[PDB]
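Protein chains: 2
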Amino acid sequence: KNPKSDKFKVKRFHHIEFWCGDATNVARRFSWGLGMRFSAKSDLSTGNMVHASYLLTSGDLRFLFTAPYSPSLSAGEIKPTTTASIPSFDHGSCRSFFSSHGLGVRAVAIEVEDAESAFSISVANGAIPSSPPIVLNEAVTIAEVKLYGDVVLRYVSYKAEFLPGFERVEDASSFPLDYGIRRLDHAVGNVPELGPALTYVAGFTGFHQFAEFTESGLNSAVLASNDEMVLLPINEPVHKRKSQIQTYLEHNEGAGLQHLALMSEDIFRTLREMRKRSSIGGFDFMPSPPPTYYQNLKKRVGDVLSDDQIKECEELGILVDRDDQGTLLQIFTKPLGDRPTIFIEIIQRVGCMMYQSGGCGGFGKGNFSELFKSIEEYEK
Amino acid sequence: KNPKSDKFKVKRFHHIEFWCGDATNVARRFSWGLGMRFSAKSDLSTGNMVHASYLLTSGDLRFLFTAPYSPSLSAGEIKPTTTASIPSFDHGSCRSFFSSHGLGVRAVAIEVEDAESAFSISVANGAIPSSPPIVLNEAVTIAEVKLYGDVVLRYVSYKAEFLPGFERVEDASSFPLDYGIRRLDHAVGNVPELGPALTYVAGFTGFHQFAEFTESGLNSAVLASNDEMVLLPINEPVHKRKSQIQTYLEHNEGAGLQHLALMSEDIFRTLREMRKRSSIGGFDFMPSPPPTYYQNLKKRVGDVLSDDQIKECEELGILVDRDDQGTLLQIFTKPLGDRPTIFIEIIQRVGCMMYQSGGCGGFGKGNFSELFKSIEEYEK
Ligand SMILES: CCSCc1nnc2c(C(=O)Nc3nnc(C)o3)ccc(C(F)(F)F)n12
Ligand SMILES: CCSCc1nnc2c(C(=O)Nc3nnc(C)o3)ccc(C(F)(F)F)n12
Ligand SMILES: [Co+2]
Ligand SMILES: [Co+2]
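So the sequences go chain by chain: A and A'. A prime marks a further copy of an entry chain. Sequence positions in the first sequence follow PDB author numbering and run 35 to 194, 201 to 254, 262 to 286, 289 to 403, 411 to 436. Sequence positions in the second sequence follow PDB author numbering and run 35 to 194, 201 to 254, 262 to 286, 289 to 403, 411 to 436.
Looking at chain A on its own, in the form it has when it is part of the complex:
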């Protein structure tokens, strides 16, 4: 059941922020690979002497890419006089994050009714503060607490266009790419120990348990907001083969964000667009499951997807899972950067109409075993 125990009012996922070495090159690659439009900037051309920040959007999904300039450019600034548009930014914190983890998510940002209250209530309830509430242009409020490793949960609230200090991009370079991605479905963390992480985060949010999974690799559990639109799964390693969660922890130098699942309104169109671009600057995908996996498909989702929809899953390497309430189409990219750490999931859910309920169809845990068997079935 859903106890609806949120200690403050959470509205939805707002944005994800990557900390980069060069924000330009990462953002250009992600834009082309995922079909996200360049929609706002904050950099030297807008008067920001501290950091370069570029925002990509597709539907409601917002990806922010931030890198530091030379500290010499802002050596005369103090926090009261800063040109930074994100006043929680720090040159040394950013360099230390990137040197330790490589390219990765620094901030999981959620929109709340009041960011200052959500911060106070969180820290009162055990959250480790990262950046106190700061009010931008008397219009937006931002605050940050630690989530896991060097990832922060960022609260944002509005009185009433991304952030103050960001300039809209609607010019020539704002080409309207769109491969169908529409919003962030869930954001998954890897930690060394699940219990303490779950206890910590659920303690300061009031998020309730949504699901759990406990025999190849990991144990996980999901925290959700009251309407279960904000979904934060957390994984730990399970010590034949070496845990992929452990591989993550070793190459990331500890806990951090493992994958972002992005909802598509038409996953077949998204995967056709993304796959056409894999070899020309885009993203590569994990190897497709054997044909045996797609033979077992008609017997499990033949009532949900036509033979034509099923055959299109096989062309594209799409995975399908199903619980008692919904059906799930999913697929995974290879890692986004140099290290075998963060990757992206594309998903589309069918069912649970009331709008669609969060988590409709689960998270594809059934595909672990469905993949292990269909692999052994094709070796024959």
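A few of these clues could be false.
If chains are identical, the list can't say which one is meant, so a pair holds when it fits in one copy or spans any two.
Stated by the list, open to error - Computed cross-link-like contacts, DSBU-like style, restricted to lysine-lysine with a CA-CA straight-line distance of at most 30 Å:
(1) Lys289 / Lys193
(2) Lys291 / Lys113
(3) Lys193 / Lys360
(4) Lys291 / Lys35
(5) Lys325 / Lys383
(6) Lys347 / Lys383
These aren't lab readings, by the way, just hints derived from the structure by calculation.
Knowing the structure of chain A, use the given hints to seat chain A' with the ligands on it.
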């Protein structure tokens, strides 16, 4: 004249190495933006636990992109047992370079007849050593000396496929992009003081002076090898407006590589391909000169380019210059990464046939004044 005073045998430009935060994302962006094929790799999948290195090629042009892994992955290695394919690499040097300069060229690499001799002769003649000669798999030899700032000149020689330890990419991800770029024409450095830099480099190479320029921004001079195929211009600031060389030095935190000029066998095809991709992950170009610039074109190169070739220059924003021996088509990108530092020039030269002689048509110094006047002519 050309004294042909090379203190060792230089053959040609071999490659350019970028030091990055994430080599994957920079290399994917450059590949798509410039039309360069992914042709070799050295990373975790090849057994390199130290650095990720990806090589792009177009014609004879080779761009190498390298980033460090976590040092923990190779904590048990020593230089005699290293898994690095480029043994001059150092984690701390790479992080310090990138944190200080952002994305930029670390190595200008030239092919010589014998890299060990070229290193010895260079250091004997005043070169500051960076990495002593190392022989890779008894097949290739590599050595490095300081060029300017934190840029090194890298010598490479072969007894007889890029480097030992690199695996060829000819698979699916090796899509054969090609927009016409064929080789590196020249590589330009910015320093605070031209004289000492010129004296230093010409001292240890024997490269001779090829050209010079001394009233908007800079003074420069060109060093060339005996056949004038290796061309290394160096700029210094000239202290109405602020020197763009000084802007470079401030945002780069000192001297470094300013621009790479890449020869195209068909600059009109290259610029059409690159411009179609500017807004979808590729490179942006500097703003085009006014129509007045292209009206003055028929009167200066009307004997070299048809009215149709001239009008195509205007569509594409291409600049044209001409000395007593050749004609030059050129254009400049905006900076390649976050900072207003490094950028790329595309060029194509017409004339000086004997093969074509290096530097045929000069370097476009006439376009500075030709641009200043044609701008004032269009304000009218
Ligand atoms: C490149 C790694 S591929 C292996 C792999 N990695 N993650 C997954 C997931 C997944 O997202 N689980 C999840 N998300 N939130 C919760 C809670 O649980 C489903 C299926 C597979 C697969 F094994 F079927 F591919 N995965
Ligand atoms: C984004 C900056 S645009 C301004 C600009 N920056 N560099 C140039 C060059 C140039 O490459 N000179 C050179 N190369 N080797 C030597 C020696 O000399 C020619 C023309 C112009 C221009 F002013 F005409 F554009 N430039
Ligand atoms: Co998932
Ligand atoms: Co040039």
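Hint-by-hint comparison with the structure:
no.: 1; hint: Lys289 / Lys193; result: neither (54 Å within a copy, 45 Å between copies)
no.: 2; hint: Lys291 / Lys113; result: between (46 Å within a copy, 28 Å between copies)
no.: 3; hint: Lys193 / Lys360; result: neither (48 Å within a copy, 53 Å between copies)
no.: 4; hint: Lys291 / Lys35; result: neither (34 Å within a copy, 66 Å between copies)
no.: 5; hint: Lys325 / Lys383; result: both (15 Å within a copy, 28 Å between copies)
no.: 6; hint: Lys347 / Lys383; result: within (27 Å within a copy, 53 Å between copies)
Of the numbered hints listed earlier, those contradicted by the structure are 1, 3 and 4.
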